[PDB]
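Enquirer: What follows is the residue order along each chain.
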Amino acid sequence: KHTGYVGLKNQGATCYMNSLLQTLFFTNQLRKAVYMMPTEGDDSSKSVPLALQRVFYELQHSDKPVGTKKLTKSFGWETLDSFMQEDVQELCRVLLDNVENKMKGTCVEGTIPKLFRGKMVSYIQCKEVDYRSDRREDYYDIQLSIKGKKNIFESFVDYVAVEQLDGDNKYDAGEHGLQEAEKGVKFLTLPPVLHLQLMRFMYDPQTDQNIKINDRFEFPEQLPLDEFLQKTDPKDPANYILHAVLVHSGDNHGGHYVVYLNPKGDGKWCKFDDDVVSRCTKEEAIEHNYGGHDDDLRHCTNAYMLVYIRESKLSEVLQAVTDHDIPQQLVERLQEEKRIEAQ
Amino acid sequence: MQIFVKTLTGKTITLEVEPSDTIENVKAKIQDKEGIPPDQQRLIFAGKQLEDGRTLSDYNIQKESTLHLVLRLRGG
Numbered sequence: 209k210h211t212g213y214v215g216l217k218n219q220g221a222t223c224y225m226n227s228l229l230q231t232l233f234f235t236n237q238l239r240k241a242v243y244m245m246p247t248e249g250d251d252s253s254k255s256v257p258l259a260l261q262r263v264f265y266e267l268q269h270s271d272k273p274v275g276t277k278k279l280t281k282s283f284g285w286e287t288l289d290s291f292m293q294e295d296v297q298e299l300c301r302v303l304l305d306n307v308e309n310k311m312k313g314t315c316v317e318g319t320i321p322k323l324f325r326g327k328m329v330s331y332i333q334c335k336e337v338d339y340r341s342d343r344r345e346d347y348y349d350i351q352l353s354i355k356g357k358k359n360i361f362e363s364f365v366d367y368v369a370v371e372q373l374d375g376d377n378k379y380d381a382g383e384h385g386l387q388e389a390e391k392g393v394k395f396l397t398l399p400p401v402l403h404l405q406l407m408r409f410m411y412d413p414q415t416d417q418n419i420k421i422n423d424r425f426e427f428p429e430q431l432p433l434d435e436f437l438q439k440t441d442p443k444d445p446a447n448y449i450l451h452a453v454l455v456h457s458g459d460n461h462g463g464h465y466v467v468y469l470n471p472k473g474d475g476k477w478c479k480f481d482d483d484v485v486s487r488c489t490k491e492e493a494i495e496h497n498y499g500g501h502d503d504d505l508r509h510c511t512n513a514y515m516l517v518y519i520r521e522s523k524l525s526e527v528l529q530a531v532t533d534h535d536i537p538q539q540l541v542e543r544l545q546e547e548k549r550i551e552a553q
Numbered sequence: 001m002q003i004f005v006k007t008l009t010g011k012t013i014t015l016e017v018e019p020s021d022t023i024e025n026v027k028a029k030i031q032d033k034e035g036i037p038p039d040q041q042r043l044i045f046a047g048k049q050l051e052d053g054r055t056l057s058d059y060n061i062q063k064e065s066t067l068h069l070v071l072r073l074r075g076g
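Going down the list, the protein sequences come from chains A and D. Per PDB author numbering: the first sequence = residues 209 to 505, 508 to 553. Per PDB author numbering: the second sequence = residues 1 to 76.
Each hint should be verified, as a subset may be incorrect.
Claimed, not checked - 25 Å max Cα-Cα, derived PhoX-like pairs, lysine-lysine:
#1 D:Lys-63 - A:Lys-378
#2 D:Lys-63 - A:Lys-394
#3 D:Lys-63 - A:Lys-327
#4 A:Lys-240 - D:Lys-48
#5 D:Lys-63 - A:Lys-281
#6 A:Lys-327 - D:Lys-11
#7 A:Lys-335 - D:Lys-63
#8 D:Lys-11 - A:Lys-322
#9 A:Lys-355 - D:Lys-63
#10 A:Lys-322 - D:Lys-33
#11 A:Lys-443 - D:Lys-63
#12 D:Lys-11 - A:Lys-355
What the hints contain is simulated information worked out from the structure, not anything from laboratory work.
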């Protein structure tokens with residue numbers, strides 16, 4: 209259309225999956241690596257890599273909304289499964305782990321950690337004895353507290369704030385037994401593609417209720433994170449550019465997902481709502497997804515996952531992808547499938 | 001061994017576990033302490049969502065490792 213991109217068909221309740229697929233498809237560097245996976249020996253409908261290759265190929269070439277039934281088939285799903293509502297970040301964690309494993313031992317091994325993996329450090333200092341310890345761990349996304357925070361910045365401040373370990377949560381200080389302690393986290397590295405999960409939910413133990421948090425929470429088009437690093441790089445500042453806003457409407461138990469993206473990283477935004485792709489404004493993608501109160505005329511619509519890209523990496527991650535990047539063995543297998551289907 | 005879990009409020013709690021504990025066992029201990037039914041829990045560690053039927057040692061989780069507890073926002 210006036211948009212230049214195609215939507216994905218809903219199978220019944222697959223909006224979460226469609227929203228994720230667009231998000232990953234427009235992670236161009238990831239798309240090209242998926243295209244290179246050695247799937248030639250794979251079974252057409254059992255191979256998750258081949259199904260992703262197919263979805264991406266058709267998103268890149270088709271002029272009508274693209275179907276996903278072969279992808280969900282490759283997941284082992286049947287009709288009922290495509291009617292189950294799901295969490296998009298759960299699917300992200302499961303799908304990327306699966307693709308990363310399938311890339312091991314191949315020419316694109318390590319692509320997914322290269323794009324998404326950072327490292328953080330957790331440090332512990334005992335208060336009554338001289339005993340300290342730290343632990344450095346990888347992450348592929350960040351869980352950000354929302355409740356009582358106005359914006360992403362206050363969430364990161366809280367994320368790195370020092371915390372007391374006392375009471376029923378005393379720290380196991382080895383030969384000193386359980387000890388009152390302080391614990392803090394800092395970031396060592398932030399990845400080229402930064403996935404942020406907004407913790408828009410709480411559990412009430414008094415009524416056994418999962419509850420969604422729709423409070424207002426602001427996130428910026430441009431996100432400087434250098435102050436949350438253990439050490440900054442003057443030649444590579446941790447400045448991040450907003451790429452995607454994965455939006456949930458409804459509650460814990462059901463609702464609807466769309467994704468807003470500016471695929472080129474240039475501030476030209478589109479809304480991807482299953483099969484409908486439509487131009488939109490910056491403010492529709494961003495400020496309108498801050499959450500807050502609804503009117504009396508749907509409801510409870512706000513950002514759940516955010517994707518930022520490191521400014522310094524934007525031209526490598528959003529690098530253009532052409533037909534010279536797709537092995538001809540792959541396009542041939544896809545034509546063959548199309549011709550066998552029309553049988 | 002004592003691990004950490006970042007709860008839904010972003011607070012850190014401690015958990016006493018063994019490398020041979022299954023993920024189901026760990027969710028039961030989180031229920032004990034935090035009150036969240038296991039079927040609602042999802043645990044994130046080093047980019048993986050921990051799978052029922054696996055053990056902590058399957059993920060190389062050790063003393064002072066931090067798991068991240070999240071819920072679901074289901075959508076269609």
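Enquirer: Could you run down the list of hints and mark each one as holding or not?
Expert: Verification of the supplied hints:
For the suggested pair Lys-63 of chain D and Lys-378 of chain A, the alpha carbons sit about 14 Å apart, so the restraint of at most 25 Å is met. Simply put, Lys-63 of chain D and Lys-394 of chain A have alpha-carbon atoms about 19 Å apart, close enough for the 25 Å limit, and the pair holds. Restraint check: the Cα-Cα separation between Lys-63 of chain D and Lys-327 of chain A comes to about 18 Å, which is no more than 25 Å; the hinted pair holds. Distance hint between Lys-240 of chain A and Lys-48 of chain D is fulfilled; the C-alpha atoms sit about 23 Å from each other, no more than 25 Å.
The suggested pairing of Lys-63 of chain D with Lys-281 of chain A is violated, with an alpha-carbon distance near 39 Å, which exceeds 25 Å. Among the hinted pairs, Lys-327 of chain A with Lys-11 of chain D is consistent with the structure: their alpha-carbon atoms are about 20 Å apart, no more than 25 Å. About 19 Å separates the Cα atoms of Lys-335 of chain A and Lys-63 of chain D, which keeps this hinted pair within 25 Å; it holds. Restraint check for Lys-11 of chain D and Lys-322 of chain A: not satisfied, since their Cα atoms lie roughly 29 Å apart, outside the 25 Å limit.
Between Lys-355 of chain A and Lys-63 of chain D the alpha-carbon distance is near 29 Å, which puts this suggested pair outside the 25 Å criterion. Between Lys-322 of chain A and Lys-33 of chain D, the direct Cα distance comes to roughly 36 Å. Violation of the 25 Å bound is thereby established for this hinted pair. Taking the CA atoms of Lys-443 of chain A and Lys-63 of chain D, the gap is about 36 Å. The hint is violated against a cut of 25 Å. Simply put, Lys-11 of chain D and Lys-355 of chain A have alpha-carbon atoms about 12 Å apart, close enough for the 25 Å limit, and the pair holds.
Hints 5, 8, 9, 10, 11, counting from the list given before, are not met by this structure.
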